[PDB]
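Here you get one chain, nothing else, as structure tokens; it is the form solved without the ligand.
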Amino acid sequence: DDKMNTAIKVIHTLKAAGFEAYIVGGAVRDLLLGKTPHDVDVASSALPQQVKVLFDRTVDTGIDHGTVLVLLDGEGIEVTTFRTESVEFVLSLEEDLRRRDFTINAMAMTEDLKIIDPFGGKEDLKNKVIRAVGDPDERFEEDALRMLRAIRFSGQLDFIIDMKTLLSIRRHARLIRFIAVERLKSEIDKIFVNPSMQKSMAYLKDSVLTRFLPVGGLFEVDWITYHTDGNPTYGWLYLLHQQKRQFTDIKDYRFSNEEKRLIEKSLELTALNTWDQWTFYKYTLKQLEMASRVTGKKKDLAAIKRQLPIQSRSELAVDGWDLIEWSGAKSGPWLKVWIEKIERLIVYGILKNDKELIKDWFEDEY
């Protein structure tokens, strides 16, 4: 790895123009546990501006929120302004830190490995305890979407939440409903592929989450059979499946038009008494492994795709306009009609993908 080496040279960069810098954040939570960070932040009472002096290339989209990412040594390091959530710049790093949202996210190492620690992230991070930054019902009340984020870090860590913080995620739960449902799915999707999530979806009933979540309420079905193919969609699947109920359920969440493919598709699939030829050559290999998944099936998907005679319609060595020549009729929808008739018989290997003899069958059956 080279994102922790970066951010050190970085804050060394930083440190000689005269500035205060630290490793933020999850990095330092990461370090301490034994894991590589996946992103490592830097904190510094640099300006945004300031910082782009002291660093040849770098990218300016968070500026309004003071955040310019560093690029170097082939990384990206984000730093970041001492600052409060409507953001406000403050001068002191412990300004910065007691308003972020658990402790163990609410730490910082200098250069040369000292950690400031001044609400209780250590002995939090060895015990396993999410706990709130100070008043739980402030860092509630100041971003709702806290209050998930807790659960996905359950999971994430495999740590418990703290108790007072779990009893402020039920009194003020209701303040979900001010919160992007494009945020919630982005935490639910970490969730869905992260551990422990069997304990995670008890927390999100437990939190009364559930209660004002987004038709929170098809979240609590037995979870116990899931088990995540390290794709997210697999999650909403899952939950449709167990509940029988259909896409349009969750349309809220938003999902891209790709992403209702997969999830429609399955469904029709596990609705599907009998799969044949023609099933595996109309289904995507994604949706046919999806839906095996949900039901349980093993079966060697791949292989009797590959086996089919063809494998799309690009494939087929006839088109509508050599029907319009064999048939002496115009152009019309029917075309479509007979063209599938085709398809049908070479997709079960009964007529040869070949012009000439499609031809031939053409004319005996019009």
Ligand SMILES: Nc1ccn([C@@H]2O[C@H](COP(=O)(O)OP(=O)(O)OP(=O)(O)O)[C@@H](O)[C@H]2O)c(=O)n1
Contents of the next structure:
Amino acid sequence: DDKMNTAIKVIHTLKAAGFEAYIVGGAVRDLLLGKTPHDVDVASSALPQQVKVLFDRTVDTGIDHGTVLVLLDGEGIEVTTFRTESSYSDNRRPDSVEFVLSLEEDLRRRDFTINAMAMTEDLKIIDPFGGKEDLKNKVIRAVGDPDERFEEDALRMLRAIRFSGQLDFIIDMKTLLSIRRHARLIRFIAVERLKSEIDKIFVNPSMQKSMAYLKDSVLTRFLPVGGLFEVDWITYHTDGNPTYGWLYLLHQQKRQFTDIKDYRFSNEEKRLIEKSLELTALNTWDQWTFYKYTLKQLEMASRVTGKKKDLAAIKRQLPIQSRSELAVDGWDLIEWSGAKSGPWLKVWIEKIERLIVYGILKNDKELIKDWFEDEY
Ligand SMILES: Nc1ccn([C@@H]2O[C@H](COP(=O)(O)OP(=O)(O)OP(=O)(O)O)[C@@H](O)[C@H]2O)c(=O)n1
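Please supply the coordinates for the form solved in complex with the ligand, as a counterpart to the form solved without the ligand shown previously.
Full assembly next; the chain just shown is listed first.
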């Protein structure tokens, strides 16, 4: 609610210094759609060090690509010099970046017409490629020659799919046919960028339409384990967490986490998936189930099997929540047994823990001692 104002102030300051400056990218597209922008990018004739001269606080991490982050009025505004970029078939080499001297040299190499507009300080729209009419017709269309845009960055092919669902647009026919012809190029894209786009699709609207384009575009032929995305997505409803899309995909096909490990999940994400899948294969959940698994795993497993229980209340009403509340530890068992420390302690602590979680044995050291001396 303050980002557009701050971007306008940034533009005013750049122009006071004699430079050209415009709002570009998604913010123009969102403004024309009546949405509040997420991010507001500025394109300028200023070079990075000239931007830094004009603003007190700046972050420089993107300077090599022409970008300076300007910190103003509590917002961040990316300011990028007019530039073009090209990606090599080797995704180890940083992008080849070529500063250019005019706005339209920059705009004419962006991915889609609705993303290739600029807005002046006085709200005039610069639209050489017909983004306004594609926006009104709800069409995702590559700028210029679609083959060139997709050779410049193959991830754009998957971005088209993601935008279709995010905006409830269709993909321009000539553009879609170009994706089909170039879909093999997706193999050169870093898997982290692929996962980022797929995660967006999984939580965005009209995801079933996105997944149909994923197949129709022949991206599922060449994406890492891409055939696994061709499941029935009818009964998928996002919980806001993209991990649920991966879980859904795996559960629908009776597959395990190892089949999707090419996408380089965090250990935390991997655990949520694997533990949720275990729960879906567990025929009966009882107190020990609710104790040992996390509420988010219980909820995700329930969501994908179609159950609707009040999982939080069941877990909350166990006698204890976790091991740290147990009234006994291995050194109590060493004392009572007269035996030396060894792996046996873990076995006997778990026996006791189970009896406490089932509400059979009281979580009380002296009463546990009585039980242990009788049982051991
Ligand atoms: N692979 C890409 C990514 C970006 N763009 C250009 O860079 C702009 C900003 O990119 P991004 O930060 O990804 O913003 P959006 O296009 O709006 O994507 P999102 O809606 O997720 O923010 C895009 O609008 C487009 O003009 C591009 O041409 N090729």
